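Asks: Letter by letter, the chains look like this.
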Amino acid sequence: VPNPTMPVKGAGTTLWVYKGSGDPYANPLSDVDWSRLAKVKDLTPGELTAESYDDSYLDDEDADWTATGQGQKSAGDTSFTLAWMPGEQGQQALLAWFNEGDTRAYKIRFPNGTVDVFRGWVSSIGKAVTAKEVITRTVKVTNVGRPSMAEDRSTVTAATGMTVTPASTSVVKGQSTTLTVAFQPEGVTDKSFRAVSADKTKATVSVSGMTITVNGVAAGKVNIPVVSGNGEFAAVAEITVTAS
Amino acid sequence: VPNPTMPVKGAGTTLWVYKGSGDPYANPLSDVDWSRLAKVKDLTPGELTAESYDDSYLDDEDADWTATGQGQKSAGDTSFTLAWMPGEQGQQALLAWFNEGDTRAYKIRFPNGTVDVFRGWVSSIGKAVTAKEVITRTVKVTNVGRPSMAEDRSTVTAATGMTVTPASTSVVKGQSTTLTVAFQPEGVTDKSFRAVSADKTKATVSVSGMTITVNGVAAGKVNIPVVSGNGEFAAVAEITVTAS
Amino acid sequence: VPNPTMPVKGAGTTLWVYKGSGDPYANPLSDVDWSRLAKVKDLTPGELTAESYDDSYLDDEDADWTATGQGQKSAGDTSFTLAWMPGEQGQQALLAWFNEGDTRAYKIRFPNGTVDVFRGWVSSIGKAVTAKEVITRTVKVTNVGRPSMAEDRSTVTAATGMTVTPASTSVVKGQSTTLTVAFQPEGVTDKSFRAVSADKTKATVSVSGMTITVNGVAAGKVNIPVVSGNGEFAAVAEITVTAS
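Top to bottom, those sequences are chains a, S and T.
Going letter by letter, the first sequence gives residues 3 to 246 in the authors' numbering.
Going letter by letter, the second sequence gives residues 3 to 246 in the authors' numbering.
Going letter by letter, the third sequence gives residues 3 to 246 in the authors' numbering.
This is chain a alone, in the form it adopts within the complex:
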């Protein structure tokens, strides 16, 4: 199951080239008007840099430390090598792309459900010929303009799905009780929380696995505050610890 929040191993990443006429940045998740370049030996995506702009004036009080700002960004170059199949359609389109010299759109689909789509023109076409090894074809695409990252299409929800079910009962010395924090604004959520007690002398707190464990170290009535996210929601749980 593709999880865009956990690290992924990077095996299964595919590369596609747009061949239709619409907007490549609009719906990249659809591979209808996209031609696949199979047998990818290796791939190194573009690196988005940004040159530095000097923001220093003569009258600026003190000049011990440099002051700079972000200048003009660049989309870098994307370079990949793949098994050389001269008769396979898609590589012929690649040679046509190089010869025409126009800016086309390409995309990389990761084993995460997320696709990074760039636009650029071919600036290199190589080939490595050696015995005992499949002949490979190497390509470099100089990207132009602003690309569409996979973090652009990532969406978040803040529909206030805060709920808390505490034990609200008695806990005896030597054991721990369980408290649940529901984070389901119709299921989808993107925020974290921290739950701690109020004294750390009568009952101790341990929050893990989305749940809370309250240990009755000492008798008395204790309060466990839970704060969700940046302090938009909270909860107070009352727990009693008996003498026994």
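Keep in mind that a hint or two might mislead.
Which copy is meant is left open, because identical chains are indistinguishable; a pair holds if it fits in one copy or across any two.
As the list claims (entries may be wrong) - Cross-link-like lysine-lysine pairs, in silico, DSS-like; alpha carbons within 27 angstroms at most: (1) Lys11 / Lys193; (2) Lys223 / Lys41; (3) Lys11 / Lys202; (4) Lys134 / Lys41; (5) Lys175 / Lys204; (6) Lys223 / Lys204; (7) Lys21 / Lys202; (8) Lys134 / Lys43; (9) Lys193 / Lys43; (10) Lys129 / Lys75; (11) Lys193 / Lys204; (12) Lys175 / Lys202; (13) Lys193 / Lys129; (14) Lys21 / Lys43; (15) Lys142 / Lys41; (16) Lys21 / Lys142.
Treat the hints as calculated values from the structure; they're not laboratory data.
Got chain a; can you put chains S and T on it based on the hints?
Replies: Coordinates of chains S and T only, in the frame set by chain a:
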């Protein structure tokens, strides 16, 4: 077995140089008027490139991302190291070719059957003398103009046969008969031939534009053999010559 | 036996410096007025380069691909290291060559009967001092002018020594007959040939070891054309295959 759709191992790649006249890019598959460079230790085909060209103006709203375009292409610098055989015709031809600024065509034949032909001038010539392994001459060629990748020749009908119906009639002195050569295995074919007498004394041959003429210089029976291209197919015909 | 047409192992290559007054390029195969620099630890001959000249004009139709030509060639530098014997005559001549700073002629004799003679001036004189290893002396000679390659003195013959002796008999099924092709214009020759049959249905052809094998796969009268070199000479062989 040779499939340009599946990847190939690259063992058996051969290098040829156009020593004949005419169009080299026309029929690279045929090995007529091509001299083979034997004992190629290693090869590195030249890589196609393209210099960037700035495409921004002061009128352009926004400038945060760079705008560029493809400029001059300049394929070049194919290198190869091959065993040093100074008494082998093909390496003396190489030194002669380097010895003046002549720009010649050379092709690379791949194990999958395709051919990739460049046109350039020799820009470096080197040697590696060291005991206990073979003396290797290393050569570098800088390419000019545009090359002819194997991606362009995506038709290949493979020919596979032809016929030769001769006049098979007496030819008098001072006259020449015409011998018919058909190279139409279902019309489409991208191969040529070559005819050469077995005696060169009784008759002389003239081949041009798929038309062959035999002139009976001396009386007798002349056997005229034709062989096509690399030598996949051949035929033999006869021409009689009478003294009176 | 030295064979200038087969790769050689590079062991036994010697270095000489001309000390006479005649023409070093005239007869390099004679070591009369040449002093040998013995105990050569290693040797790296010069590399003949040639810078590029831009042949681009404004009015030239289209400028998609760069157009260049061979410029001015250079003879490179020859660098070698040898055991350091200050008192050995020949190294004293080397230091005199460095100090005087004039252009002298030197030559390298290979274990192939071929000699590459250059001309240049000493531009480096080194020395490496280390324990457990013979002190070495390193030399670099900057070559001037056009050298005399070993491919310059290699000669070829085209005295038309074409001959063919075919079987001209019957070959029974399941075996093969032999045909001989003589390439001896007084013995010396430098050209190859290709021999193939005319039908590939009655008899099959296999040319190797300078000879031809004709296999009577099917009965009938078959013709085997042989073409020598670039079509200057040819032959036609008639072979009969019986029903048995």
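Asks: If a hint holds in the structure, say so; if it does not, say that too.
Replies: Against the structure, the hints come out as follows:
Proximity of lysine 11 to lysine 193 under the C-alpha cut-off of 27 angstroms is restricted to the intra-copy arrangement: shortest distance 25 angstroms within a copy versus 31 angstroms between copies. Proximity of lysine 223 to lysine 41 under the C-alpha cut-off of 27 angstroms is found in neither arrangement, the shortest distances being 42 angstroms within a copy and 39 angstroms between copies. In this assembly of identical chains, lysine 11 and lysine 202 lie within 27 angstroms of each other by CA distance neither inside one copy nor across copies; the values are 41 angstroms within and 30 angstroms between. For the homomeric pair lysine 134 and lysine 41, the shortest alpha-carbon distances inside one copy (17 angstroms) and between copies (16 angstroms) are both at most 27 angstroms.
Taking CA atoms no more than 27 angstroms apart as the test, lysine 175 paired with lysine 204 passes inside one copy only; the shortest distance there is 10 angstroms, against 35 angstroms between copies. Proximity of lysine 223 to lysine 204 under the C-alpha cut-off of 27 angstroms is found in both arrangements, the shortest distances being 8 angstroms within a copy and 24 angstroms between copies. In this assembly of identical chains, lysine 21 and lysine 202 lie within 27 angstroms of each other by CA distance solely inside one copy; the values are 23 angstroms within and 30 angstroms between copies. Taking the closest pair of Cα atoms, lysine 134 and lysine 43 come within 27 angstroms of each other both inside a single copy (16 angstroms) and across two copies (13 angstroms).
Taking the closest pair of Cα atoms, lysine 193 and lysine 43 come within 27 angstroms of each other only across two copies (23 angstroms); inside a single copy the shortest separation is 30 angstroms, beyond that limit. For a Cα distance limit of 27 angstroms, the shortest separation of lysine 129 from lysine 75 across copies, 16 angstroms, qualifies, whereas the shortest one inside one copy, 31 angstroms, does not. Proximity of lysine 193 and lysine 204 under a CA criterion of 27 angstroms is satisfied inter-copy only: 24 angstroms between copies versus 29 angstroms inside one chain copy. For a Cα distance limit of 27 angstroms, the shortest separation of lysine 175 from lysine 202 inside one copy, 15 angstroms, qualifies, whereas the shortest one across copies, 34 angstroms, does not.
Within a single copy, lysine 193 and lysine 129 get their C-alpha atoms only as close as 38 angstroms, which misses the 27 angstroms cut-off; across copies the closest is 25 angstroms, which meets it. Taking identical chains as interchangeable, the C-alpha atoms of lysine 21 and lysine 43 lie at most 27 angstroms apart only when both belong to the same chain, with a minimum of 22 angstroms there against 37 angstroms between chains. Proximity of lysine 142 and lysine 41 under a CA criterion of 27 angstroms is satisfied intra-copy only: 16 angstroms inside one chain copy versus 30 angstroms between copies. Proximity of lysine 21 and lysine 142 under a CA criterion of 27 angstroms is satisfied intra-copy only: 18 angstroms inside one chain copy versus 34 angstroms between copies.
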